[PDB]
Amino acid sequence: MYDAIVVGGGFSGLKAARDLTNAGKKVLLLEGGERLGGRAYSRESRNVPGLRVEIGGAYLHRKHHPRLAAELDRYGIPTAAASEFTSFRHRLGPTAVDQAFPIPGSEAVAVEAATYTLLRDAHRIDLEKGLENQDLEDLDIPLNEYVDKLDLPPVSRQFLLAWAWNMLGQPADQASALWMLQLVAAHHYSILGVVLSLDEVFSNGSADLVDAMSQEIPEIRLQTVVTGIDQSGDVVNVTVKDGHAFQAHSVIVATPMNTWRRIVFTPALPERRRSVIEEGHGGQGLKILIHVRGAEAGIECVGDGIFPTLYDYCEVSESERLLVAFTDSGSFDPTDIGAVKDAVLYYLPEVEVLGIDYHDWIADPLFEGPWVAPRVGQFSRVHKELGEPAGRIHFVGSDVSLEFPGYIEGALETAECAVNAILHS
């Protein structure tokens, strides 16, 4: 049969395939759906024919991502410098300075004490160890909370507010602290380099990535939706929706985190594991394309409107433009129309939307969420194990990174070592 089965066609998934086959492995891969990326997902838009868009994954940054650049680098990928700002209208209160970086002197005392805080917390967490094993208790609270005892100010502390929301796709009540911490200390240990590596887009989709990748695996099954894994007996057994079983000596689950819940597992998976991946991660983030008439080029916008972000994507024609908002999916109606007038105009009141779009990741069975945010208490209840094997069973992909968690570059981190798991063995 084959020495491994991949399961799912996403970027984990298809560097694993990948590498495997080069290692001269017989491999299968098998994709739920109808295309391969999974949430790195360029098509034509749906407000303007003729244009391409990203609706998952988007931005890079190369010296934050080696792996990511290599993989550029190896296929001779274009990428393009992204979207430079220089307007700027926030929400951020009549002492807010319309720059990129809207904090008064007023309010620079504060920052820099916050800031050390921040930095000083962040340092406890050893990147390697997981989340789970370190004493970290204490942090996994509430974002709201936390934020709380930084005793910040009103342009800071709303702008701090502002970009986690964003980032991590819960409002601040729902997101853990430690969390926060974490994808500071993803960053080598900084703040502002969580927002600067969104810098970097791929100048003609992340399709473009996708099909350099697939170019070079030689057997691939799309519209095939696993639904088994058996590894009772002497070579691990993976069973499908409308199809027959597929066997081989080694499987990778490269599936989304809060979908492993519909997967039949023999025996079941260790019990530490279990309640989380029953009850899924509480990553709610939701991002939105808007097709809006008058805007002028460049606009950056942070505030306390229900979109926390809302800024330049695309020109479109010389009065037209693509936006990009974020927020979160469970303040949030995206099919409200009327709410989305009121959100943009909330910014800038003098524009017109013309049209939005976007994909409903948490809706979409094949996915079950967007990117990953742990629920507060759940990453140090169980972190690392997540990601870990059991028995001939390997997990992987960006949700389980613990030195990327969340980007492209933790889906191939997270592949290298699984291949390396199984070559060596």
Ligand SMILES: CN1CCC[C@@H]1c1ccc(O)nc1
Contents of the next structure:
Number of protein chains: 2
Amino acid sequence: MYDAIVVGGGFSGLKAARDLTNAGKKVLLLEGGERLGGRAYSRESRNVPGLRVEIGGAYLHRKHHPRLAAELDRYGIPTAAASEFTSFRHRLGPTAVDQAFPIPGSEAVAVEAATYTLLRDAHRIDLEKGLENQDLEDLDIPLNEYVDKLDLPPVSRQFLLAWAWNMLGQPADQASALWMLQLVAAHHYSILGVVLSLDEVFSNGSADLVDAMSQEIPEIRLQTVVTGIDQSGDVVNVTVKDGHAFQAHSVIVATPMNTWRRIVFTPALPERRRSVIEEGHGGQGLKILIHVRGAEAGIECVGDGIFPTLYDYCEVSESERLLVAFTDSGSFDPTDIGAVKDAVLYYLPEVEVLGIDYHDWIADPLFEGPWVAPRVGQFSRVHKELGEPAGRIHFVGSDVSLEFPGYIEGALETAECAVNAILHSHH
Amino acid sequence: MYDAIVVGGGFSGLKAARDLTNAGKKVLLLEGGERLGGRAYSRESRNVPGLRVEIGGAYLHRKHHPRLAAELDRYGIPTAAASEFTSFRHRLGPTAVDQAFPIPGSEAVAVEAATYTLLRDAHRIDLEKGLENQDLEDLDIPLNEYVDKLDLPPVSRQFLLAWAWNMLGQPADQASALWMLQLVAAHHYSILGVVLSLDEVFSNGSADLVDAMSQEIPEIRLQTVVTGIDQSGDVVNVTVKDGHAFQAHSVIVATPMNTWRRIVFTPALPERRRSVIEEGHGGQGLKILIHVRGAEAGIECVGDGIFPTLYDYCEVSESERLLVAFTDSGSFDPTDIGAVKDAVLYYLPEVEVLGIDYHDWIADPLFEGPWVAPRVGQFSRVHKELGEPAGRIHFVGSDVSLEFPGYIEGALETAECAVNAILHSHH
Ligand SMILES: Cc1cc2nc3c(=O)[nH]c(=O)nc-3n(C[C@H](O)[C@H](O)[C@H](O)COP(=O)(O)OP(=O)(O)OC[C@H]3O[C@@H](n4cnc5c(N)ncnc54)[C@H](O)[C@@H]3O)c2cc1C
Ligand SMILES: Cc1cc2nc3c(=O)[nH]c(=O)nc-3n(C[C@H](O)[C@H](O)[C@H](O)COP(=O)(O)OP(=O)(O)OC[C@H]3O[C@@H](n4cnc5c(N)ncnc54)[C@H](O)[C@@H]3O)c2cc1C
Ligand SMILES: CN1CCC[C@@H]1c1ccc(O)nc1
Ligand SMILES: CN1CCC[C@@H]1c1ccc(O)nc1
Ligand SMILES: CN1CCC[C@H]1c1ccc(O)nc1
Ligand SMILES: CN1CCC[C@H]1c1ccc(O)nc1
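Could the form deposited with the ligand bound be shown next, to go alongside the form solved without the ligand?
To see the whole picture, the full complex is given below, headed by that same chain.
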């Protein structure tokens, strides 16, 4: 039997397993898939042989992501500046300026005011308390409604909404304003930081870090899907799909929130958590890598398109590139290449689409979603609780971070808390 | 005898006198100088024959200055756009961008944060209550100290301080932060609005409006300096320098605050007011018109010079212009033409200074100062009170406006209040 079983080998599970191991605990890591890294997933391009791409998480900022920065330094993992944007092709209307910050002077005063309002509202959020524990309900309303209250002129309005669509992976009428503001808060109470934290990337892919961490974890089982976690007895029994059971004093659930509903917990999880876990979060983010010809280097596009954003990803040749688009899978069907062409051409009418590459995270039974974003009304009811222990079962992951949810950094942060919890546990 | 004597024929006195007259009151306006208009003073250029310039107040914005806008509409007074700025020659360091808003991206996050802080602080101010009545003392500290707390990087820091020097007519160590914030508040809680309200000018000079208003005032005495105001009796006695006395039921003091200390009030003014009135406010603003050769049209300069700002005023010929510089008379001696040349050349090394034109408001016994700005510590002690009646003597003027102090608009606003007060008076 083990001191701890860690379920899921994303960055959260990987950190927990590693750190517990180095603390002298006897750990088993169970991973359901054929690979480690989870929603961090570097692989060969489907479109361009020999070219390595990120199909999930990719971007970081040392200043905002200190835990991640520490991991990089720890293993000597090379990073690079994200591609500088030098050509701006927005669709924000005729008054927009083609720069990274496209707001014209005529809108300045409006933006000044909105900046105050947004930051004032964001400053209502204490990152330690949970979004359900702070009388924040008035903010937990559809983003479009909140933004309507800001009364923004057209450039700023559409610029805000575009990036919010990108960042939350939800259309404006499904996103929670409270959550937008959570993201602002996470970035040291900065709206600009939400986009400025797309700062650096893994020179050799996220798998570089994944592999470094896993080398420190002595016992890992791949292709092992946990189906039950039972703490009715003295020792936790973890049952597995086509497998013998495993047993441990403590269990760390480091699988995506939207998958928890597939595990049988005994006894049942605390009742306040149940409804949200059943429903899942509302995240529908969709990251599409687009192989193109005829695009100059360094393009950024933001506007009112079905792709709110479309921007440079990498040089393929002197004529070819990858761009990246963000949209959401409720709004957009990436199997419709005609739709992709239209979406691209809206911004870049000279460019030819050669192919696309993405992973349907929401259809993947090991995930059932991309990165976290709550449905309106969810997280002002229950949030901190989702990430709190139920007896000997801890719950970690980017999904449940109070501090940096939806980022690699949140994965690391949550793991830390669980590790500490366990090391300081009396049982 | 009169219903009302108005003392001073600036815009405040002019409005009060006119409006009381039209209400059927019998009014006398006493003006100490040889002209009406006060710190609004259009005249022929000392440098360029035949060219009319503003030697005091000049700039307005209809949106921020509705009373003034109403006066303009009332008399069909033509206005024009202030000269558009199209060439930026700042001295804000090597990272600055040469545009109206010179802040580089590297400073954006700093400016975001400062915007919140500034507006948060400004929003502490209720414009109706007076600066002494709101527990605002913690803000009434030297501007340099306040700004040090914002921790701004060099471009934004110096840009802020430059415009603040311009606007307050005080160096950073003499200006009150609370007052900066008052100005922000007045402009509907906008920092950007403080400079954006330099929007339009009088096509034919401020004297256009001055003359329009005065045509409606039936009795005016020029060259009549009031030396005493005595309300010990049933009827107010107003004594005059070399003149018979005049008498009225009510008296409106519409002279500059820094001159009140020269009048004998009987009985003495309420004791809380006395110290500030004796000291005067700390305003040292200095507006210099600079006749130049070799300057292209549309220049704006902001930076760390002894002229914080230097900008286009008017075309004189194809080779010649007027620029305008703002500084303060404690820091700068405009009789030192060498100093002027150095100050200009710092920004504009190619330009030749031909001559200058200004009025020494602070040396003018009818004024003893330019526009209002408090010394640190003054207005958190006493402010609203300065503008309140003492028995039958009312106190008006731009200097004492709660709503738009230091602007023509404040002159008009204060007059309104006094007029209303008098019309609704029971006595
Ligand atoms: C398209 C996309 C783009 C992103 N972009 C960025 C970005 O640029 N920067 C950034 O910081 N973050 C980004 N992220 C968010 C970030 O990648 C994720 O939040 C993060 O990697 C999650 O780590 P985790 O350890 O919480 O969960 P995951 O990485 O999801 O790990 C969960 C593990 O659980 C395994 N599992 C599931 N069910 C079972 C079961 N029953 N039994 C056993 N194992 C199971 C899964 O196979 C998986 O390996 C992105 C995410 C997506 C999807
Ligand atoms: C350099 C400068 C630039 C400015 N720029 C602008 C600007 O761009 N926009 C803007 O809105 N405002 C500006 N202003 C501020 C604005 O002009 C003044 O606040 C405003 O005109 C004051 O009007 P007032 O009626 O309060 O006082 P004033 O116009 O000062 O009128 C006071 C009157 O009292 C008379 N007087 C003094 N003592 C006596 C006495 N004992 N007896 C009889 N009469 C006496 C004086 O002669 C004078 O006519 C500027 C001011 C200056 C000095
Ligand atoms: C450098 N970051 C800051 C904001 C956006 C920018 C960026 C992001 C992604 C990318 O590929 N290139 C540049
Ligand atoms: C149009 N205003 C807005 C801010 C500064 C600008 C301005 C001010 C004075 C002037 O002469 N020309 C332009
Ligand atoms: C940085 N975030 C964390 C979750 C999604 C991701 C992201 C990455 C690039 C981009 O343009 N928008 C969002
Ligand atoms: C608009 N304000 C009212 C008082 C001084 C004046 C002003 C006018 C032009 C400028 O650049 N700075 C300040």
